[PDB]
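**Student:** Residue strings, one per chain:
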Amino acid sequence: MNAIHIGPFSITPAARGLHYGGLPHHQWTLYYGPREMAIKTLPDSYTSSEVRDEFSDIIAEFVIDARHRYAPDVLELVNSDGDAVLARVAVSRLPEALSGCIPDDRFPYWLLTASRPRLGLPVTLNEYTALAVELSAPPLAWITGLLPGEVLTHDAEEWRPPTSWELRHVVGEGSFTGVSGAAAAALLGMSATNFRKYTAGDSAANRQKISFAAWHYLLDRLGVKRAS
Amino acid sequence: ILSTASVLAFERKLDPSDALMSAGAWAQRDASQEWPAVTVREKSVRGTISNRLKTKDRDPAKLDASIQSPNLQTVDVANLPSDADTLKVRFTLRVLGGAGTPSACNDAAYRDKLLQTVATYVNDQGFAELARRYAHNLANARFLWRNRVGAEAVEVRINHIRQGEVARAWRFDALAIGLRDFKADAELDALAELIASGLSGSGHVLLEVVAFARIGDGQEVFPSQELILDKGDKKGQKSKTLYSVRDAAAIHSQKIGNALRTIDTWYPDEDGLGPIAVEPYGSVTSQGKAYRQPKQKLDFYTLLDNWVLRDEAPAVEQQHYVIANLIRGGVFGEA
Amino acid sequence: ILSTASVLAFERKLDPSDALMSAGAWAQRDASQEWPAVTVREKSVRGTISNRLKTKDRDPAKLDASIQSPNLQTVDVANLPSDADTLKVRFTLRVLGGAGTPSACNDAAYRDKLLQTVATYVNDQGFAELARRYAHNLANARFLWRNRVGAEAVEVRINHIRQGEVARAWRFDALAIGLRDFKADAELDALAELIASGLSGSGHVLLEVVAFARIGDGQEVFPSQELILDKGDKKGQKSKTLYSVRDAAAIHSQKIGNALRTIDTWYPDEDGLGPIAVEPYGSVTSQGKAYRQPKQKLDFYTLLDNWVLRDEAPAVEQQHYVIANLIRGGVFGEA
DNA sequence: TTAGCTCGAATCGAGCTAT
DNA sequence: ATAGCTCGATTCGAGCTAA
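Protein chains in written order, with the entry's author numbering: chain K, 1 to 228; chain g, 24 to 358; chain f, 24 to 358.
Simulated from the structure, these hints should not be mistaken for laboratory data.
One or more of the hints may lead you astray.
Said to hold, decoys possible - Far from chain g, some chain K residues (derived; all Cβ distances over 10 Å):
(1) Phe9
(2) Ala38
(3) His169
(4) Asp202
(5) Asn206
To be verified - Below, simulated BS3-like cross-link-like pairs (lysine-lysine); rule was C-alpha separation at most 25 Å, straight line:
(6) g:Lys263 / f:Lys254
(7) g:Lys77 / g:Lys257
(8) g:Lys79 / f:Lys318
Beta carbons: idealized from backbone N, C-alpha and C, even for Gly.
All chains should be modelled from the sequences, with the hints used to inform the complete structure.
**Tutor:** Structure, rendered in structure tokens:
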């Protein structure tokens, strides 16, 4: 039938068909871009919303694995012993002055990492809050692991605009954020027709590229980056 | 109008076997049938991060934290023993006739044009250049993929088999015959009619291909690698597994066939880089650039349409390439 | 605009073999070809609580209860025989060459410019400073990592094995050529152009390195350690496991090659530590830190793009670091 | 660093569509 | 909400002057 596109995923059918049993059948192939994840032979009587439900569990497992393997580093605020965790914050990057540390009594508050070779830094509550404000991680910061490092960089000379498939990771009905194109356009203060030109694929007539400020502001508003 | 059929499945010719490995010493190559096999064992590796970073920020604590907990892996490794310095690789190549006949098709009119256009090709020029070029890749140890980068001297001995006994024996120095130039030699030429007779269907050809390589004393040999199912913890990941048939390191048969197929030297770009494998869309994944782009009129598919549907014959060096995709097989045709 | 390649996998040069260890007594090292191998045996240990406690186990009742419930584990131990005081480690080292050529590279324009950059380096100066520091690590028993910290007399013998026979022999004193400075020696320089010819690619070269060390009678030898799957009982925990190939303790190939890689003295930090291995981001496993952090712009990746993309070549001592990391090999490029 | 200016090319909004 | 279009107006980059 038709190739079902769910965000960065694309379920394309086989051009030829087969007859498993007596009923008509086709091979549906799940794709994550150029990566093939599954082939499932399905009847032709299924609707698109039912093949979507058939392939939904593999997509859910992929999203769980992506969220787990790209989780931001967690910092821990502890007392002068290191046993009780008073507050924990997930950070996009570690503090600059972290070194290998074991808490002692001369300082009341210590900011240690969650990794077992715990780096640390003696802080007060005011400096801890300054570091937490500066270094905090957005709730959907795990999607940055699925994106290239040259589309997320803040250096304008080394920045490359995201493609349509890399843009489907963060905007779209079946995206990893779950926001529609109209909602993304409303977040950028532009028309939905212009954003559809950003998300347009294979239509070489009137296809546009997103800009540096628009891309980084969209990543700010969706909760993916720059939301410390 | 002679439209193209939906299915164009072709049988693979030049069918190789799995090239299993055994170890030994030089000057004992004659009585090498009792050489011990190369076993694949396990060893633990530890390393730090050596790939590029995300480069968005310059935090030093995170990279130091990656050195705090280095990654631990167990990798399959194959080594020659401490008393052996020669690696033996043996496989059998089966040569089949009937190259132009498809295994499955969907039009009798289409096939009768295919079997006729390959008859007119063979009558004008038979299986001579490809059989000669398939003899080069058997002469040099190209099937010793990474086992040829620093070999002191690698020797290839192939024996033609009849009834279970040798028919005629070839002996080659693989350093003498390079991986770039398709020159002419009497033993190379004498091997060509045997491949030519097998490919034309006039006789049966079975060759036992043996390669002895001076890898070094106790050095590392490189069999084919398998997939990693990633069903273990991050420490016992088993990040590398090697292919073994029966407790003996071996190379995949399709990897051996790829070495034989590396005879394509008429791709549209500059041919001084070296030969590539005959393959639709001229694509090799090492350099990642596919020669014979379908935008240009030089890939296998468009010439197959011109050489058959509208009878536009390309240059004779390209007709060697079009039959080179037919002789290696493949699932062609629009699905 | 000459953007960098996404894949830059590089083959490693200076490939070492596994270092087999056998034992014996001093002054018999001229006929050390039948020395008995250092065997792997098993012994049981118990220990007391010598680790810091998380402010809750420091109670006297809880601490003494842990002593009353001791941790019994078995460990893997390797020792010399009581009549033997000499430890020899034998590995083979082959120098490949063609360090500038990657195994995988996407952009053909980037490959040509990178090969041009490497060729520009070679014409200015060859692999002489590289092989001098490489032979210096071969001169001392740096690859004999923890068996040299208390050696009374450690000696190496390096043999050039061209056609399976000693083409040229070497004999050095490892304690005299310390692991701190890279001085000049006529015999060391004689070894330097042997690797330099291998690194340049003039001809095949293969070495055998045997390092005799005056350890002591029945003293503890330190081979490379293994990973434990942690599945058995806590009493038979097997908290330590050493590496062996055939009932003989040995050292990992990448453990030996890491020590030969220890030529980097050009990192900006103070030289109280000394030379380190040439790997990107300058990672030191023991210190848990990284010299040549990307922040001060002296790591491998920023120097490589400066040398190739925008043509600003680094300092000549930094150009040694880049090529040494290029000789070291790795999976470079945006993975 | 301020303060502009062409010139072709890409983008932007607001109309319509199709599914 | 997806997907894509046209059309005239606005923006955009890389030259340039001008100070």
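**Student:** To test your reading of the hints: which numbers does this structure violate?
**Tutor:** none
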